[PDB]
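Go by the hints and put chains G, B, E, D, O and F with the ligands onto chain A.
Here are the chains, one letter per residue:
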Amino acid sequence: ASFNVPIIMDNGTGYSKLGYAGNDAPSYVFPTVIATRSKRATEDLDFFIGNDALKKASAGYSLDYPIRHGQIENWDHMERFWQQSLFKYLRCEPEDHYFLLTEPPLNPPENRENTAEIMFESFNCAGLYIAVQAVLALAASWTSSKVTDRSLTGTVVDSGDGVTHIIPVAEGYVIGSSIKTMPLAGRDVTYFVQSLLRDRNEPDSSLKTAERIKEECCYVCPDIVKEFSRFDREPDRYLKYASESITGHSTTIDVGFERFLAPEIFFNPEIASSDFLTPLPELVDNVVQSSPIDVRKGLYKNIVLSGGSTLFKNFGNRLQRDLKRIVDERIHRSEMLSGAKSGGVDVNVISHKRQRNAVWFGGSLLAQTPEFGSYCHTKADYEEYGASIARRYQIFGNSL
Amino acid sequence: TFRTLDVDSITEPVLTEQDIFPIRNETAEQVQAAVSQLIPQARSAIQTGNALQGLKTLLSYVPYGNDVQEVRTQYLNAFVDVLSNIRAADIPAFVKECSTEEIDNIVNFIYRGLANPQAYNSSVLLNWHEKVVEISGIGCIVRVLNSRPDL
Amino acid sequence: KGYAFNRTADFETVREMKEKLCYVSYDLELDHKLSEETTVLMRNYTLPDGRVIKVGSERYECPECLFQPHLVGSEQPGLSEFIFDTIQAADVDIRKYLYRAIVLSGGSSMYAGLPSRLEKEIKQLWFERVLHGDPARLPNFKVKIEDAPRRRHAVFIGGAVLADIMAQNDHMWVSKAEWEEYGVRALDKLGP
Amino acid sequence: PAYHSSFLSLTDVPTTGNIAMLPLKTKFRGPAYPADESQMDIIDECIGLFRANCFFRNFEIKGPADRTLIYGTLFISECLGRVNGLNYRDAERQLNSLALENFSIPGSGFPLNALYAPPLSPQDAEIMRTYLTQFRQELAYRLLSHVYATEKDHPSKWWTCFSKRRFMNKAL
Amino acid sequence: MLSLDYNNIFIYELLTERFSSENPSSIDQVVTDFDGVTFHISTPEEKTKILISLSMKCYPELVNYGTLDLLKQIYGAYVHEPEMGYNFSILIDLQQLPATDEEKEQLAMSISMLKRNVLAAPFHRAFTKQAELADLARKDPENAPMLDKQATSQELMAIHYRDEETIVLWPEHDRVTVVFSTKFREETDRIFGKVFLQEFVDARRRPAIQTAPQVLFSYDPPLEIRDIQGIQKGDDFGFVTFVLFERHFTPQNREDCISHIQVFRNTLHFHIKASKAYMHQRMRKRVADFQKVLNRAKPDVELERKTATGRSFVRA
Amino acid sequence: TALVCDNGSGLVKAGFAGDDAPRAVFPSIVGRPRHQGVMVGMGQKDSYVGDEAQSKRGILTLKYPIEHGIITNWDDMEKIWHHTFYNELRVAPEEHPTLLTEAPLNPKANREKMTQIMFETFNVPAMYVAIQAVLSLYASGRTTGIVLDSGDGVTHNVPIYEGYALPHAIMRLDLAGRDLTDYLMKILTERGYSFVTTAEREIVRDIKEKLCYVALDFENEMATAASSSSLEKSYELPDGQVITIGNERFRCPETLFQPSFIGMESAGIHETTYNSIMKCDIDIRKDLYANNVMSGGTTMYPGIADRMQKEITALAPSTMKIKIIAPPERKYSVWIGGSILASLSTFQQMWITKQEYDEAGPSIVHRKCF
Amino acid sequence: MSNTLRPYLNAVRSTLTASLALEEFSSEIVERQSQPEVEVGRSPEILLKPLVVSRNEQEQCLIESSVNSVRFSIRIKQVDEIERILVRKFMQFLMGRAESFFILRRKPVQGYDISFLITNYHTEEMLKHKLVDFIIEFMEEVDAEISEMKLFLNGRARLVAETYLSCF
Ligand SMILES: Nc1ncnc2c1ncn2[C@@H]1O[C@H](COP(=O)(O)OP(=O)(O)O)[C@@H](O)[C@H]1O
Ligand SMILES: Nc1ncnc2c1ncn2[C@@H]1O[C@H](COP(=O)(O)OP(=O)(O)O)[C@@H](O)[C@H]1O
Ligand SMILES: [Mg+2]
Ligand SMILES: [Mg+2]
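Protein chains in written order, with PDB author numbering: chain A, 2 to 39, 66 to 427; chain G, 2 to 152; chain B, 196 to 387; chain E, 2 to 109, 111 to 174; chain D, 1 to 219, 221 to 317; chain O, 6 to 375; chain F, 1 to 168.
Extracted from the complex, chain A is given alone in its bound form:
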């Protein structure tokens, strides 16, 4: 492999985190959005991305998010997003560098195939590793890079903008049969905040204002009928949020029960959706109880949080208490049949200083390894087998 630093690109549904292996942060963290125009033809040169795309809606560009619900679904826009990432922001030559890419555990064979042909034929990268994204978020949880600080067994709950998935990993191996996914994350709680501002007919219900009300005003409560009652009993529970309009004037928004009812989307997904029903503490139980019996203590002892939509105030404490309730009720059913007390299991949900970008920090830490260039597809593999080299699922069991 080349001696140049690998380039790390976590392309999320909400945000892309771009940087180089071994740095103390991503070089860029900006929305996974493209601004596109809607006698020589140049409208495919005229686009913008990230923070510079958000500035272009008033100039008549159509904004789009080429990743939705965790999966790339517009390969024209994702190719233009990557070329602009590589040549504007990272300012790099693909021929000199190995790349770490990411996508959700479910992601189609078709997506890794389409990713490999853009990377090896459009850009001609030296080599590509498409990582299992929340497996990197386990490695970001270490107290330091030294081997004695590693905890190679843990459940990881990743919750970004587009999807939340719970991954069991034990001794560094991903138990792919036990992956659970909930199709609801940080964007669906924004659409719920937006919908509640809109039901009150508030002066502003733009998407940025609903987003900023999540980041600043929202938190996870114990129980929504007790918390609705606390919003009768105590008057300063309602906040006032000052927002500036697209046409440049002030507004003031009263923010109310969406402060607790919007983060409740994870703990009662029947608020968000007709199609998904199991709450996150029961969904994490289903991951560990489908997983092999000898790893269950290790998977409960280390439940790592990952992705921006896990950062709600009191989120890890609600998950820990509700999962500890599920776990001890199941252990006590067995103690009451057997007539003897167990040792129990400690359920620990872990929030940590790198939790916001744990996939990128893990990708950086794993791409720093001396062995890394041997796990990549090299362009010499792609010259023989084409994009079919990337098609086989890494995380799940394959037939053949």
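Bear in mind the hints are in silico, worked out from the structure with no lab data behind them.
Quick reminder that beta carbons are idealized off the backbone N, C-alpha and C, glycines included.
Check the hints yourself; a few may be wrong.
Selected chain D positions facing chain F (in silico; Cβ < 7 Å) [stated by the list, open to error]:
id, residue
1, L2
2, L4
3, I209
4, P213
5, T268
6, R287
7, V288
8, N296
9, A298
10, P300
Only chains G, B, E, D, O and F with the ligands this time, still in chain A's reference frame:
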């Protein structure tokens, strides 16, 4: 692991092409002599400018077999050389006077010619294909699809 | 593929979809070739909602968890290797009679091509583990899967036979008068 | 999940069709048995749960107490549709007029005629109407004490926002 | 983008943040650039003090062409001892900044512009020596041919600035000539790059851009570079020549001309990549044309009416 | 399927994409009681909509929320849209995309509030706003022509050549069937009959819809009516008393050809059509003249197509064939062409979607619906 | 385009239309299953002989045929390295859409640029004369499509040259 071991190839032997098509009732040197008598007539008919009679005589017998590629390719060299020397205005009058079996042999050997363009001129074989299919219909190609694999 | 079926009512919908569209691949690298090189495996299914879903490799990839249990997280051997390890544990004098009558039963035996795959995969497993890859004796190994049309109901149809064989033999059944004096020890009649 | 009626834990409760004629605190005339004035009853429960329950899109009914809580939940959605822009006094007269006016019972345009039983006799229909009229008059009067709690000449926006939150996509 | 930025965008945004920031956090950031260049940005002793260091494989050649003198002239009191593994370094102290937002902005710009400032010294050496030769040729026009002939060999700069590009340049009394001994090693970029290099030279023959530097192209080397060490006439290099005349490096235009000529092969490389995204949209547009030729094989049948989620509908 | 809602100034016309005709067609009216509500109970309401307002009208003040193609009252327009979805079509609007319509040269805010109410009040999955005359050209089976569309509140001309609109040549005229109804009230007053209330304005609209017609030569018809009983005929009011009228039958529609009858300084609908053709580039004019497409209820008068052809033949050079296309279904051509458009497969990519509105706000309509 | 291609595309049309006499046929090697027999090859009596139609050494068809399936594969004109890149990538976008063009393969057979599989079901559910019209209209146009793409590539190489060279 067991999944990849081919058991079917030894426990259930499949039909061979000679179970579908009857065996050739002539030896390799017997057919090689029969074609070696015809190729000189086919060459000679070009020199007298009677290439139409060159085809009518060459077409009176056809070699077949997986044991006879050398004489099959010599017969195909003579066939494409004969078809290349017939004038394009003579083709409609000749095709309508061929039997269904002579037509079947013409459309079979223009197909063997079209399979190897570095040896054979496709432009004359496609001109012959247009006129033979126009006059005798689609069923002559259907007889080539259905034909023996060692023609 | 982005579809969702998490409602308790939708489990019967994918049961009917599986039961209509799934089949057992006879040759995995061939079905993977038809799957990855071709669109011929693609099929449309209409849900009782009226929604239409597209299904392709999942048609052979779903029932493959019977022949490869690791696909559903199980460490057990699949159908062919579970049946082979069972017959190959029987005494030498009876192994032939067990291979000459491998009787399939129950609805999950009904996938298209399952008898064909099972017979092949037992011949193929005897060729690996008994002949060590020597072709010369493989034609002499006889296996016969019994694969009757009625076999989804063979337990009922056989229960209706056995219940007639013991209908007049009133002592063969555990009695209410025997249950109320012995309790659960009345069931010790029902074999070892 | 959603919140069910604590009164599903009651037994030998009077019933019509499959509504439970639960103990009720009220001053309106009708058949409902007087509850204790010191304890929550189904209307303190129904209004207390409504603004959580109207967000859920899935609900499994445990018995006739929940069929009663659901009819109340659907009628609170009707009241919050009727109440908007009114003074507290105009709202009391409008929502009593709503409560009193001729409505469909189960077994007749009723929205949930698959989940509720028809009245068990020609006389069961009259006891079902005379209960549901008393219940929904009390339910209207009690709701107004919450939506006009802090101010008296305009309904609280913290209650009017549920006026389009159609419980389970059903309405009366 | 139709054109590349000249400066490192990360260094510009980071310094524009830290020069404004109320509370600077620490940093430890290795940052790549084009042509194998790399930067290290860090706070190695205090959060208050940022060290920016450049690594560049041709820096020893550039020092022979007066680079340290230009970097001391540009960065002044901020110049620092080189960091280990880096060729040049600058220390900026966040409590020692200029008194205005506009001086802070042009300092954040100046430090982001550092790759093109280290690489500008051979071009300033050529422009300033052309002004000496211009004055001597203005003194005696019949001696000028001999001054130009000796300056073509005695005042030539070659920079082997990456392993598949040599930039060669020299002054003569009326011009600076610069030759890019240029190559694409990736085979699809060599194929598209032949079209880009051909249409580049043919563009300069059209009336609309006669105001530009003269351009010439070949694939043997220009006569005056044929014996420069590391130029090779059979080794798949093309040779793009620019003749900058006095009007292309006039005092209002020198620094833009330097910035813009250094990025030549980088704009060509970038547009050879971006052309694939253009070809791909050209392709999938006529995949959608060929759909309409297959759609005429679908026999016409009415589908049942469906809601937006695909559920069946029972009206009309 | 998708809803098509041609919410015009005088009639709402609504239904489903791919249907032969609109299955909901009702007055674009909200009615409110103007009298003492003395009997308690009685099935009384705070307001009434459409055919319910039109049948109760003797006790109601009637008002249209839309005038000259512009929504003037959004609270009553939401009341009308609610009546379309829940009462008249009997659908969940959150289950169906909706194709809406408006006249060209409308205020920008009309399109914005119309998209906002569809996504935020009616919770629609997707919507689009089409220009009404562009829809009417699909209903003609044509991809070139000039469409003269005249409804209740607005008349407009849109020229289209080979699917390209010429937006500089588009004409609007804020004169159509409501101005003709008001003028019929003003001239009925001269023969003896006063119609004054918003309810009596519906009686004289019904007189206009079956007594009135366009004269081929106005001054000859005016002289023929001034000298004979033969142009006179009668109508019966709800009260059973009879109205007889004569030259009022063709003087009312003549206001489309002579807007000065209502005090307007504008060209008539014939000369406005010719001025739109003459604003187009010289090569396209021949095919516009051969394709004058009539639309909307104000084009339903007897003789108006024969008059329009006579008048345009005098303005155009005699060297070419003027043709006026006036289908018998032209009462609904905007809705018919909306049901064509909403059923095309490329149009399924042209919808504004819920997700895309939520990301962009109501300004998304100006950069997607043209 | 068809004056130079006419003899060739007439031979392709005639023999593709002869070859599409397809039928429902279940497998003789697997029970309760049917497979496109040309694509599996496990029972040779229901394979018809593979036919090559050719204009040139570089411009060729392979027609492979069976009781229930035809596989049709083509080599297309690629006279320079630009066309080798442009053709390969255009066929990859076209085969990436194969679910919506139901008779496309997702991969070509080795040594061919694009490939088609027409099965029994396609001859039952689609108009088979319009299937062979789509094949021949694709073969008629693809050389004009690819040549126009190298004009667009030339036009962009001029755009960046003129934009670059005009800002000195
Ligand atoms: N403090 C916070 N509290 C709650 N949510 C947050 C917070 N900070 C960021 N988010 C949300 O996290 C999501 C982005 O997380 P990220 O991990 O970057 O998602 P992704 O990788 O899928 O794009 C957005 O919905 C964002 O608004
Ligand atoms: N037969 C008719 N004769 C004359 N006017 C008519 C006729 N039918 C309808 N109209 C008039 O047309 C107008 C309604 O036309 P319409 O196209 O539905 O308008 P809109 O779309 O703007 O609501 C009303 O003024 C109505 O009286
Ligand atoms: Mg993410
Ligand atoms: Mg109208």
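**OP:** May I ask which of the numbered hints given earlier this structure violates, with the numbers listed in increasing order?
**Re:** Hints 2 and 8 contradicted; others consistent.
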